[PDB]
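**Q** One letter stands for each residue in the lines below.
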Amino acid sequence: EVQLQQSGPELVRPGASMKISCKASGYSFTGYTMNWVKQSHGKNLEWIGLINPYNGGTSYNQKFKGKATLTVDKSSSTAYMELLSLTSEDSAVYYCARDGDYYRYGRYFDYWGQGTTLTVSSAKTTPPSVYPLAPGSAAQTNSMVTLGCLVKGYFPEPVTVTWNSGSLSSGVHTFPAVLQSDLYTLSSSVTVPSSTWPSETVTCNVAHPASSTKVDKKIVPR
Amino acid sequence: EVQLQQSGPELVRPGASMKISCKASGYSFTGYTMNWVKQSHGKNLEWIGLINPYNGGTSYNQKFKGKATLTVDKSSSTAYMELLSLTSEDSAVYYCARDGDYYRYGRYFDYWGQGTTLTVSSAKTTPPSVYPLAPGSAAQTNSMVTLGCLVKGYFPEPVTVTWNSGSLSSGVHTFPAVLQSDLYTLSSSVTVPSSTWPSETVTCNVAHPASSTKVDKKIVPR
Amino acid sequence: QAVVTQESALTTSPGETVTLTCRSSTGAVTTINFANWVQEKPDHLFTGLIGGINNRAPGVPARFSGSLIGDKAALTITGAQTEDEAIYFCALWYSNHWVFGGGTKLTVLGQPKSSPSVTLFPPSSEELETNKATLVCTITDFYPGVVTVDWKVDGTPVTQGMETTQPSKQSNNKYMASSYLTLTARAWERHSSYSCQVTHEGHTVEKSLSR
Amino acid sequence: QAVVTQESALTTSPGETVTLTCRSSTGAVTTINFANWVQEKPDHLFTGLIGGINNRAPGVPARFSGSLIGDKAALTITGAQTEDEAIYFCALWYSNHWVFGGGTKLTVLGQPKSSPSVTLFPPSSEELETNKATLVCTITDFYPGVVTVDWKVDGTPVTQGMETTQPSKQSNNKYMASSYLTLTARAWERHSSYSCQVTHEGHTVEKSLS
Amino acid sequence: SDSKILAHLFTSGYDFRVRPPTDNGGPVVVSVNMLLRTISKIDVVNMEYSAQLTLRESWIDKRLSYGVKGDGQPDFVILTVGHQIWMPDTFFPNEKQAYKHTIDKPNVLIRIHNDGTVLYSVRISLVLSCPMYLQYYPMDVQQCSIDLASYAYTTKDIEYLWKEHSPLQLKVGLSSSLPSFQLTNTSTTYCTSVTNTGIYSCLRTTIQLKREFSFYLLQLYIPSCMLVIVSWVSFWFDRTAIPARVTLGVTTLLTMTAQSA
Amino acid sequence: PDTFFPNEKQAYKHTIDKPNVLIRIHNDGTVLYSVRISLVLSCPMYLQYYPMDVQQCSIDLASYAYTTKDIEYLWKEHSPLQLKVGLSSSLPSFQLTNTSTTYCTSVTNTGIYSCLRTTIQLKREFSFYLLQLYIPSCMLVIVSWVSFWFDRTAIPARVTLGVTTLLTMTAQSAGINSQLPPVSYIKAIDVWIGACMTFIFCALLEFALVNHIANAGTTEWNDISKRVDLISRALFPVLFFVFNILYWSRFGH
Amino acid sequence: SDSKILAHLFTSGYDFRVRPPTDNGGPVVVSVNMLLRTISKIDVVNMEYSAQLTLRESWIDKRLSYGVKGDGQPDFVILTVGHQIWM
Ligand SMILES: *[C@@H]1O[C@H](CO)[C@@H](O)[C@H](O)[C@H]1NC(C)=O
Ligand SMILES: *[C@@H]1O[C@H](CO)[C@@H](O)[C@H](O)[C@H]1NC(C)=O
Ligand SMILES: [Cl-]
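Residue numbers (PDB author numbering), protein chains in the order written: chain J, 1 to 222; chain I, 1 to 222; chain O, 1 to 211; chain M, 1 to 210; chain E, 1 to 261; chain D, 88 to 340; chain A, 1 to 87.
Looking at chain J on its own, in the form it has when it is part of the complex:
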């Protein structure tokens, strides 16, 4: 089988510049041209450029002329992509996709890498502010209740949210982080029998290894 292992995830500040790697294996490297695809949240897949390992020839997208630079080391069978003058717009996941034909451009995608997540933002390391999310003015209780825990304003990702130090391991919902400008944020849910609360204390455990912060939050609803 073949593989396209890329570099690990990176975190940089605006103005700086880094380079993503993509080590090829399982085939004759100089025979297949490599594509590079950018996957951002706000915009769809933005194809960058391609490069022939043999020729060394490159052809970039007009949108990214100067933004990206494709090089290649035949000895280690690796393709490189350097991104210059990084801004907040360049925050995305970058893939390297192989062309399918042998020593000729067939214009079709073959194998892809696992992807490299590049996050660039001029925000500092910020501990999470945890606030107990709870039901208010509930009409009725019918043998079920849902409890929340809003983890608002932290950087960088991620956070490990558990309930009662890992005691509650069933029906625990953890939503993907949706971020405001300069601040990352997510919340969580949980499913328990209705009687065990607030007769029994539930606790939202939030840990932020980026700031070594481990805060437990009780729930106090009327």
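Hints listed in this document are in silico derivations from the structure and should not be mistaken for laboratory results.
Straight-line alpha carbon distances no greater than 25 Å define the calculated SDA-like cross-link-like pairs of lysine to any residue that follow:
{"#": "1", "chain 1": "E", "residue 1": "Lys105", "chain 2": "E", "residue 2": "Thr90"}
{"#": "2", "chain 1": "J", "residue 1": "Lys217", "chain 2": "M", "residue 2": "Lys132"}
{"#": "3", "chain 1": "E", "residue 1": "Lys163", "chain 2": "I", "residue 2": "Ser77"}
{"#": "4", "chain 1": "E", "residue 1": "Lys163", "chain 2": "D", "residue 2": "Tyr153"}
{"#": "5", "chain 1": "D", "residue 1": "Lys274", "chain 2": "D", "residue 2": "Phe327"}
{"#": "6", "chain 1": "A", "residue 1": "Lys69", "chain 2": "A", "residue 2": "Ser3"}
{"#": "7", "chain 1": "D", "residue 1": "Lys96", "chain 2": "E", "residue 2": "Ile103"}
{"#": "8", "chain 1": "E", "residue 1": "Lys163", "chain 2": "M", "residue 2": "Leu68"}
{"#": "9", "chain 1": "I", "residue 1": "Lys65", "chain 2": "E", "residue 2": "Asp2"}
{"#": "10", "chain 1": "E", "residue 1": "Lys62", "chain 2": "A", "residue 2": "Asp2"}
{"#": "11", "chain 1": "J", "residue 1": "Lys43", "chain 2": "M", "residue 2": "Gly27"}
{"#": "12", "chain 1": "D", "residue 1": "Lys100", "chain 2": "D", "residue 2": "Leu161"}
{"#": "13", "chain 1": "I", "residue 1": "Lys74", "chain 2": "E", "residue 2": "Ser177"}
{"#": "14", "chain 1": "D", "residue 1": "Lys96", "chain 2": "E", "residue 2": "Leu55"}
{"#": "15", "chain 1": "E", "residue 1": "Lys105", "chain 2": "D", "residue 2": "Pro167"}
{"#": "16", "chain 1": "D", "residue 1": "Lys96", "chain 2": "D", "residue 2": "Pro167"}
{"#": "17", "chain 1": "A", "residue 1": "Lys4", "chain 2": "A", "residue 2": "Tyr66"}
{"#": "18", "chain 1": "J", "residue 1": "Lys23", "chain 2": "M", "residue 2": "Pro58"}
{"#": "19", "chain 1": "E", "residue 1": "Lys41", "chain 2": "D", "residue 2": "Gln97"}
{"#": "20", "chain 1": "E", "residue 1": "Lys105", "chain 2": "D", "residue 2": "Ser121"}
{"#": "21", "chain 1": "E", "residue 1": "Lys100", "chain 2": "D", "residue 2": "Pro131"}
{"#": "22", "chain 1": "I", "residue 1": "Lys65", "chain 2": "D", "residue 2": "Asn196"}
{"#": "23", "chain 1": "J", "residue 1": "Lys217", "chain 2": "M", "residue 2": "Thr130"}
{"#": "24", "chain 1": "O", "residue 1": "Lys132", "chain 2": "I", "residue 2": "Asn205"}
{"#": "25", "chain 1": "E", "residue 1": "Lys163", "chain 2": "I", "residue 2": "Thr71"}
{"#": "26", "chain 1": "D", "residue 1": "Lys313", "chain 2": "E", "residue 2": "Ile242"}
{"#": "27", "chain 1": "A", "residue 1": "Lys41", "chain 2": "E", "residue 2": "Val45"}
{"#": "28", "chain 1": "M", "residue 1": "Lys207", "chain 2": "J", "residue 2": "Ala138"}
{"#": "29", "chain 1": "I", "residue 1": "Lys67", "chain 2": "D", "residue 2": "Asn196"}
{"#": "30", "chain 1": "E", "residue 1": "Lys69", "chain 2": "D", "residue 2": "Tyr153"}
{"#": "31", "chain 1": "D", "residue 1": "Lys156", "chain 2": "O", "residue 2": "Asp71"}
{"#": "32", "chain 1": "J", "residue 1": "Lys124", "chain 2": "J", "residue 2": "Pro156"}
{"#": "33", "chain 1": "I", "residue 1": "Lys217", "chain 2": "O", "residue 2": "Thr130"}
{"#": "34", "chain 1": "M", "residue 1": "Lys207", "chain 2": "J", "residue 2": "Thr174"}
{"#": "35", "chain 1": "E", "residue 1": "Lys171", "chain 2": "D", "residue 2": "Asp89"}
To list a few chain D residues with every Cβ distance to chain O over 12 Å, as calculated:
{"#": "36", "residue": "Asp115"}
{"#": "37", "residue": "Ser121"}
{"#": "38", "residue": "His165"}
{"#": "39", "residue": "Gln182"}
{"#": "40", "residue": "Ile222"}
Note that CB positions come from ideal geometry on N, CA and C, so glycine has one too.
We have chain J already, so just place chains I, O, M, E, D and A with the ligands on it with the hints.
**A** Coordinates of chains I, O, M, E, D and A with the ligands only, in the frame set by chain J:
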């Protein structure tokens, strides 16, 4: 010996389109180019197009530009002619005629097919109307009495007319049909001794396979 | 754009020599016209005879021979046979084109010339109820297969309402044809006399009736 | 310069046949557009399917087949499987470069459709002293994962100030999402009542709050 | 008539130096048909073979459009001398030597259809490079190709496509034309590659050549096998029969030497 | 006329001093056009019957652009093809047997084009290949047989004939080879060489078998040796006569 | 577009027979790239070999400069027939 078997006769309605085949045998099919000739009643023999089985190249009459399309399947050794936008004018018999020279256009007709009768009429299936015909009053005897049937207004051909369920097979004459207002009309005649009429009753048997009808008619003198 | 003209029909005896011609309307028939001659046997049988530059179809008898007599193409049969009795079509090659002619109906006498047996039939009483009258003129047992049918009503030839079949060969090598006269039933009542006139080999057979 | 349009999302059952289309804004998708189809499994997995003139990636099942139905590119799956459930992107070659489409979220039902359980949550007073208001509307256990979300807070129409996360695959293969609200502290007291409605499978469900 | 039409086309501001217009700014699509007449002079030493062929190109130039389907004008007009139209700067990447035929009139044909479709036909004599490998002599197989692409115009301006119906047409007796080889299959594929100057569209017709095994069988393998077998029957002869074993041994070896030469 | 040569691989006009073209314009408007041309035409040849073969080479002639609607080619009515005085003898390898002028008008994808074809028929000079190869090999096989009629005890007699005959046979084969062009398919000349090579080889091997069984000195075997010699005097001439019938009836066409 | 530019270059007094201008009167610097396609017909008797190759030369001719980088004009223009430049 060689043979050029074409498709069986077809019957379609105006606006439609069908395709005639012409299976070759007894020679190297790709070596001789095929012609197509249209034989209508109103007009003389009209040459349609020619096609080279090897090249696939075609040459049409200006009269049939778009009306006809010559194709060829080398594997089954068969030439095809597709007729588009069929009208009442395209009702004729179509032949495929082989050119005589080996891998070159010799401009001379070699072998012909058995012919393919294409009938294109907007008429619906109509049952025959049989009328008896007998010699008028006076002017009697002379030669032996000649009788007959008149099959008027039917569609489509053919109709089989026998006499007394096929007992009288002498003097039997079946004239070719004539279509008026899209309905075919045919008459058949027989000759019998004048001494055996009208003492002995003879009856014409008229059958129409498409109409599934079999009408008998007894001839009575005026 | 261009019309090819042949003789109507020709008659010859076995063993003799007959020549069929093929005239072009654009002028003299040159060698770039590639005169083709096609024979049509009855029951829609066709086979090529002589074609293109100087080519002959496989199996074509030696008695068949082509030439360019005068300013038109010619198909000469030296030593005619009984089976040589058919319809012969000539085709001429115009640049990017083919044009067939009217065709010549060649008759090789295999039996003595016979006069046509003509019988005319009046409209049936059942048919008159449909406001349509149809006269039928049957032409049987004549040879060669060339006839000219004319209709006359009250001493006048009718130009409209008539049609005659093409002469088809019988079982006894003679030919047969039929002719119809279509009229309205009310028209059949007013005209006292009707006549069917048939012409074969310069002679005329007449059949009439009056109702 | 050119926009490639795909279907939002499509649903199909195992064994049946589904066709994903890919429309061009410049006109009909010709052969010089070199229609490419890319499959995206969850967890950022990308497999190649059909490309260029008539090319196929190694190991691509026979059920996958490309065509040019109408004036747009087509990806037809004849005999759908459970593992064919992913996001399918179409890429077209306009002149010198490629342009991807919105991507179609094909769902192959391995389990019957589930109605979403939605409950809205009032903002805690702990964060209200920061003059910030964040109302969270959680949506759990719905199948498939296509959920629209509208809010009727204060006046019935809403314009802006809302963010919603994509459906996340749970352990029980049912999908889950949430929708937040961005307001000031002044909005909480002034606005009358609350409403967080979500529409799934054509079925709308609303919740109340005061 | 025809001469009057050609005049009307080139009286307007027309520039053969300018690429034909496209409906959406896309590339000019050139449909290519290829006719192979002869394959000759296959050389394994210089890695080349000579091939004579007829090239047929087709593209759309709306500037040359002079008519509709239902008009009294001829569908297509043959371009006369003294008038240049834009033509693809097509060439043969793997050609080492190539000539056009100029005896009497040069062997080119250009047709301008009414809708603006141009048909370009030309006879060309090529001497193409074909790297061959003889490790499996003589039971080997060779594949020779004819690459075709544009030289100056990149993928944004010109795009080559094999004709939909019968892209490659061999001559009547081509398979028998080769003395040494027998071609089993011909194939038409694409060889578009990315270079340092840009991305150039390219076509590649490939012919596969197999060598005649039957000769070598009856000329080398069969006689040598029998020769080795004959050398064995000296073992079954007695030692005292010196003239028998000495003759067979030497005779067999001498004959084998002659075979190798 | 935009005339050219369809099967021409290479072609030149002669331009020494003034170019070698001639155009005459008659009063009626008839044009006479004359030109000297040097062609190198393709002519696929087949050597299955080497050297008793016959080759036919052609000169196709047609228009390139103009279809049948514009131009039509026709051979002149009187003497369409004219050979030079000593053309048939000009060829070292072949002898020209027939010349023909025919039409090769064909229908192509671009249209129907009128075409002419001059054809020459080539017979190879068989007298040399007959007498310089067939005759000595025939005599060589005959000489090899008389060793059967020789006694077993005459080792110098039978050994010499067997080896000498084979050595001469190889030399003849080598001489024929240079003349013979290298071709991958089997020729008639290869069959008749390999056969004669075998017959002479078997005649020598026969001696080895005879000398072996005789040497073992016991009369059952002593006398058997002669029996082998007796049947060889009949078997070989018959087998060779059978071969010639099969050979010449196969390559007699 | 391109044809619009090429004309403008050769409307001014231009001479392909004249060496391109230099900032300091120095020589014209030609950058050379070489692509070898085939090596064949190596001859040891005649001390020669046949080689087919693609030659790429590059120099700067300020006379042919038709634009600044930040304009709506294409980075490069393909030279059409009928226009000679110093080479
Ligand atoms: C040509 O023949 C080869 C060998 O049989 C085969 O692999 C190839 O697929 C063939 N070409 C095509 C396009 O069918
Ligand atoms: C001339 O050669 C041709 C070859 O086809 C042959 O048909 C013809 O009979 C020969 N003429 C004669 C009689 O030598
Ligand atoms: Cl030696």
